[PDB]
Each structure stands twice: as structure tokens, then as C-alpha cells.
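J.: Given chain G's structure and the hints, the job is docking chain H onto it.
There are 2 protein chains.
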Amino acid sequence: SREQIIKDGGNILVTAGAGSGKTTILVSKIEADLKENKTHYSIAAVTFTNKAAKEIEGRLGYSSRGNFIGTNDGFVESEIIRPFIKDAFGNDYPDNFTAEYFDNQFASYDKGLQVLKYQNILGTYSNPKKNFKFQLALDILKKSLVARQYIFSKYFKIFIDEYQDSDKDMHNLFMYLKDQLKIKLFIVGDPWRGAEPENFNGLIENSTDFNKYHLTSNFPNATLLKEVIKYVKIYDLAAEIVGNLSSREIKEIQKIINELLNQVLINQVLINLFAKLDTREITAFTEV
Amino acid sequence: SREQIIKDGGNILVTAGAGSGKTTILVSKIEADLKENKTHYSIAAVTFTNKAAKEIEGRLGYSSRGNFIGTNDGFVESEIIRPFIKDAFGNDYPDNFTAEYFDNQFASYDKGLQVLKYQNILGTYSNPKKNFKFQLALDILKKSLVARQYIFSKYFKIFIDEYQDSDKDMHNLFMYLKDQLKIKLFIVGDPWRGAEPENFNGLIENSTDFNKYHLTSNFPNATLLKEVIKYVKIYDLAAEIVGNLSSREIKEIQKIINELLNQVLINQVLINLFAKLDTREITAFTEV
Numbered sequence: 002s003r004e005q006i007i008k009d010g011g012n013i014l015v016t017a018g019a020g021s022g023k024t025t026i027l028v029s030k031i032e033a034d035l036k037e038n039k040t041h042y043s044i045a046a047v048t049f050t051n052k053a054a055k056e057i058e059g060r061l062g063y064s065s066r067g068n069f070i071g072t073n074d075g076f077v078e079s080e081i082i083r084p085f086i087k088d089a090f091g092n093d094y095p096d097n098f099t100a101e102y103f104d105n106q107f108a109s110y111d112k113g114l115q116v117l118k119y120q121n122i123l124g125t126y127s128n129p130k131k132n133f134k135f136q137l138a139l140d141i142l143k144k145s146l147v148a149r150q151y152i153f154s155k156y157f158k159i160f161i162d163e164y165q166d167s168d169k170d171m172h173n174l175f176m177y178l179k180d181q182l183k184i185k186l187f188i189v190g191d192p199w200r201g202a203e204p205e206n207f208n209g210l211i212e213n214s215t216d217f218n219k220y221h222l223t224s225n226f322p323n324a325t326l327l328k329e330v331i332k333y334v335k341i342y343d344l345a346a347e348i349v350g351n352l353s354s355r356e357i358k359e360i361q362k363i364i365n366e367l368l373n374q375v376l377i378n379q380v381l382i383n384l385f386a387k388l393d394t395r396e397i398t399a400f401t402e403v
Numbered sequence: 002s003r004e005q006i007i008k009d010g011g012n013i014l015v016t017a018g019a020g021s022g023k024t025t026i027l028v029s030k031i032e033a034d035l036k037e038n039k040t041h042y043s044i045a046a047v048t049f050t051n052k053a054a055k056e057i058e059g060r061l062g063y064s065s066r067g068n069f070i071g072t073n074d075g076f077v078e079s080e081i082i083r084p085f086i087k088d089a090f091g092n093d094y095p096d097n098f099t100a101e102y103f104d105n106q107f108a109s110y111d112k113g114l115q116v117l118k119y120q121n122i123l124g125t126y127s128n129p130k131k132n133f134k135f136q137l138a139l140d141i142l143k144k145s146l147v148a149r150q151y152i153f154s155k156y157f158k159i160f161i162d163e164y165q166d167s168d169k170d171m172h173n174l175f176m177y178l179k180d181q182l183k184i185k186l187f188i189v190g191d192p199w200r201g202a203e204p205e206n207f208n209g210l211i212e213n214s215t216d217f218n219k220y221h222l223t224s225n226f322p323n324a325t326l327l328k329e330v331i332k333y334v335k341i342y343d344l345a346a347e348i349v350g351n352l353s354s355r356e357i358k359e360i361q362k363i364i365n366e367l368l373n374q375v376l377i378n379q380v381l382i383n384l385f386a387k388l393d394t395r396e397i398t399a400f401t402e403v
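Protein chains in written order, with the deposited numbering: chain G, 2 to 192, 199 to 226, 322 to 335, 341 to 368, 373 to 388, 393 to 403; chain H, 2 to 192, 199 to 226, 322 to 335, 341 to 368, 373 to 388, 393 to 403.
In case anyone wonders, no lab produced these hints; they're calculated from the structure. Treat the hints with care, as some may be off.
It does not matter which identical chain is meant; a pair holds if it fits inside one copy or across any two.
To be verified - For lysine-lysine, the following BS3-like pairs were computed, each having C-alpha atoms within a straight-line distance of at most 27 Å:
#1 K87 / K8
#2 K118 / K362
#3 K358 / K332
#4 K87 / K362
#5 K143 / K8
#6 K362 / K144
#7 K183 / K8
#8 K362 / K143
#9 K328 / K55
#10 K130 / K39
#11 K387 / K118
#12 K87 / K328
#13 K169 / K328
#14 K118 / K87
One chain only, chain G, in its complex shape:
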């Protein structure tokens, strides 16, 4: 149910099914906490989908509290990486770089860290098992005292959804926030490229202090094929894909999409789009 989780103020684990109630329970809990808390502290809402952040933000409405509603990748950049990169790693490192997921991939953290200073763009990890950005954000927090002070003094609770898609390294940063930075966590999981269901599924059994709640249902890549199909009938398409797409990257993507709008050329376009980031899905695209 919804009443008892509203009363609870500690760490809350929600096991909503099919995502029907995830966004609804997120908005309700956020409003309840914001109206109850009269202090200067604010909340941060992080979503894998950029569109999911936008629809959530629209439901809270205008507010000057300073709350953060955005993507998981956009949270670390805006709140941890951008302001405190120079303090943690000296003035040489830049704070005006740009994150590009498709280009400039590296193989090792040390190589990824060493290219970062000279490249002046936020690089990405070629391997899908690890996320370099969240390792860098975690490293910044440990190194920088002011970064630790700011995070504690800014946020009192963090709202996370789609936690079963969270990477193991991404899980590592959040548990850093919860354990010594003493920040309440409201994470939602359901039974992303480097998705690690292991960390979320094992979290329920490993930790007993966390509170778990399972709401009733009523009260994998086919999504993006439907989105390009409806677009054929581009910025909205960007919100569906996880992360924040660069202008250069989306212009290249849009060039491929307008090339789509015969069956043979349809299949080749879907192949390269998948390469940039199933035999049944291509047939469905051919049908529509």
C-alpha cells in the first residue's frame, strides 16, 4: 500500500511491478517529504530515462527549493563532477568538458583518467561492465572535502528508480552516500547497457536495516523501435534513450533516421543504430 510507506522516513525499498506505480509513488512520496520538511535540505530524483525525469518534474511543478530532477548520469556531472573536479584533481583538469557516449572510448581507468585531463571531454568506458563516470564521481567525493560537505548539506534524501538496471559501480556510489555520508535513500526496483540486476536483488537479503515494500501491480528493446516508427509518421526520441545525448551525436543519429524514411535499407539502418549503442524486431519494423 501507499499509506505506510508515506509515514516511513527511513530507507525504503519499493518492488513495484511493470513500472505502473513507480512514477506515481515517486511523485507522491516526494511531495509528502517536501511538504513535511521545512528545513533548507532538498531532494534529488534520478531516473534512467530522460523523459521519465521530465514527466516527474512536471508533476511536482515549479519550486524554488532547489530540488534536482534528472538522469543518473546528469546527477553526478551537475552535482559532483562539474563543481569539484578541479578541487579534487588540481586546476589542470577542466570543468567545462562535454560527455559523448559513442566517441572517445578507453580501456582502462588509469588510461581513462589520464586521457581525461588532456582530452577535455568527459570520456566513456568501452567495457559495459564498468562505468568510468561513476568511478570518477566516487573518487572525487573521497578526495574532496568540500564536495563531501556540499552533498551532505544539500540533500537529505535521494530518490532512485529502476534500480534493477543500476550498474554495480553505480550501486557502489549510492552506498557510499548512504553509509558514511548518512543520506536517506528511496530506491525503486523491479523484479541500461551495463545493467547489473545482481546488486539490487542481493541488496534486499544483504542489508537488514533497509525497509522493503511491495505494492500491487494494479490499483525488451521494442520501445525505441516504436519511437522511431512514430517519429517517421528527434529531440523527443533523445529523451527515450538513457543519458544526455550531445548535439553532434544526435545530429549523426538523426541523419541515419531520415535515411530510413525499402525493406533492405530498413534492415541496414537498424543494424548500424544498434551498432552505435533481434531478428523478430526487424520483421516488426518491416511490417510497420
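T.: Relative to chain G, chain H alone:
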């Protein structure tokens, strides 16, 4: 004489020797033109040395006219590249780029452009004779209408001292600003590594619309070792270098300079200092 220069409103050649009179006559002419002109137009004072910019800028004082006093590369980036890069070359190209002379050098213009789109950070040309940044600025002006409109409607006269030390690429842009965009020019030449004095000397007699005014004396790398010697006894001597210097590059300069403060170590740090950027000079350094 000085009063002959002041009342002239056209294009002025100044041939002052040793730089004693050219520095004070540049400030005097700038003040005279600013006082005389009551319109919204401003002037741009560009110098090879960053130090020369501040010493000139300190002689005008605080003003809301919107005048520009700075380096040649600083003028091109702040007034042409940064605002109008996206308009000329599409939204894919960035404007949060940074200038780094020591790394990411380009061998070809088209390759230099194509690496710029993906690396997203400005750099210098590998060949010192060519300055990739300035033809990029010239290319931006030719392609962007708003960039051409802004420059014409902002500045009515440009002050470029040490024009005999100007490069061919820099000369190409300034002449485009003069004859094509109809902007008054005020240059100084007294007969940067990759430049040539031939262009200025040739332009003395090649151009008939230009005015040749002679300024008498009384009215190569010796400095760089003197600046570090007084530093031994970091942002100051870095400012004396030609062009804007990145913070990381300054830090690298700092870590290679502090090693100097035996004789053999002195010679080797001088050698790679030149490599990053004479037998008599190293001996003089050993003496001091």
C-alpha cells in the same frame, strides 16, 4: 610626429623602434579616438604579448564602452570563434572548447577541422608557419552572416601592434577585415616563432590607401630566461609568453621550472623547455 598621427583617421603605419614610443602612442591614439567618437562603436586593441595587453589596458581605466584589449588569439576566440562557431559549422561543433598549444596538433586543415569536431577542443597547428586558429576564424566569417554583421557593427577601428611579427594567416584575416568588411586599421611594425616580417614590409609599399608615418627611437629570447631567473628569486612569467596559456600547460611549465632551482640539470631543463615551446643563453643562466 605624434600630433600628425593623432589627427589622422585613416589607416596608419607606425615604424617605431625598440618599442619605447609605440606603446605610448598606441594608448594616446586610442584615447584620442575614443574621446572623439560619440557613437556606439568600439575599438579592439590586440597585442602579441599578454603582458602588453594589461599594461595597455591599465592606461585607459574602467569604461563601459565595450572596448577589447587583449591578445591576438584571445580576440579571435572571444569575438569570432566562440560565439559564432555553431552558426557557421552547425550545432555539432562546440563553443566550450579550450586552447592547448602543446598537444593535439594537426597536420592538415581538413583533418584539423575533422578532429576538432570530435575532439571538441581547439589546438595549434603542427607547422609553426601556419596558424590553424586564424583561418578557422576567417572561414567562420565567410560562412556566418551574423558573425560578419556583428564585427562590422561592433568595431570601427582595430589596433594591432607588432604587425611585423604577424603571421601570414593573421595578416590574411586582418586584411579581410579591412578591405572587405570596411574597418579602419592601426598597425605597428618594427623591422611568435612561425611568422614572417616580409608580409608587413611588402604591405608597406603594396598598399597605396595606407599611410606610412615614421616614429623615431627616442621620443631574441633574452627575456624568457630573465623572467624565470627573477621567478627563482608562476602566473606572471606565464603571461609574458605569447598567447593564452592553459592552466594545465602552466602547471607543466611550473613542474619543469622548479627543477632548475646543478649545471648539467640546468642545461637539460633548458633543452626540453625549448622542445616544448642557444649555447650563449645557457651559459648566462649558469652564471646567474
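J.: For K328 and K55, with the copy left unspecified, which applies at a CA distance of at most 27 Å: within, between, both, or neither?
T.: Only inside one copy: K328 and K55 sit 20 Å apart there, 59 Å across copies, limit 27 Å.
J.: From the Cα coordinates, with 27 Å as the cut-off, is the pair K118 and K87 best called within, between, both, or neither?
T.: So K118 and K87 pass the 27 Å test inside a copy (10 Å) and across (24 Å) alike.
J.: When no copy is named, should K183 and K8 be tagged within, between, both, or neither for a Cα gap of at most 27 Å?
T.: Result: close within a single copy only, 20 Å intra versus 72 Å inter.
J.: Within a copy, between copies, both or neither: which one fits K87 and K328 at a CA-CA cutoff of 27 Å?
T.: neither (42 Å within a copy, 31 Å between copies)
J.: Between the shortest in-copy and the shortest cross-copy C-alpha distance, which are at most 27 Å for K387 and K118: within, between, both, or neither?
T.: both (25 Å within a copy, 18 Å between copies)
J.: At most 27 Å between CA atoms: does that hold for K169 and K328 within a copy, between copies, both, or neither?
T.: Answer is neither: 30 Å inside a copy and 55 Å across each miss the 27 Å cutoff.
J.: Is it within a copy, between copies, both, or neither that the alpha carbon of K362 lies no farther than 27 Å from that of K143?
T.: between (42 Å within a copy, 26 Å between copies)
J.: Cα distance capped at 27 Å. Does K118 pair with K362 within a copy, between copies, both, or neither?
T.: Close across copies (16 Å), not inside one copy (31 Å); limit 27 Å.
J.: For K87 vs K8, is the C-alpha pair at or below 27 Å within one copy, between two copies, both, or neither?
T.: neither (41 Å within a copy, 50 Å between copies)
J.: For the identical chains here, do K143 and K8 meet the 27 Å Cα criterion within one copy, between copies, both, or neither?
T.: neither (33 Å within a copy, 64 Å between copies)
J.: As a check of your reading, is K362 near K144 (CA-CA no more than 27 Å) within one copy, between copies, both or neither?
T.: Classified as between; 22 Å across copies, 42 Å inside a copy.
J.: Taking 27 Å as the upper bound on the Cα-Cα distance, should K358 and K332 be classified as within, between, both, or neither?
T.: within (18 Å within a copy, 52 Å between copies)
Consistency note: the structure conflicts with the earlier hints numbered 1, 5, 10, 12, 13.
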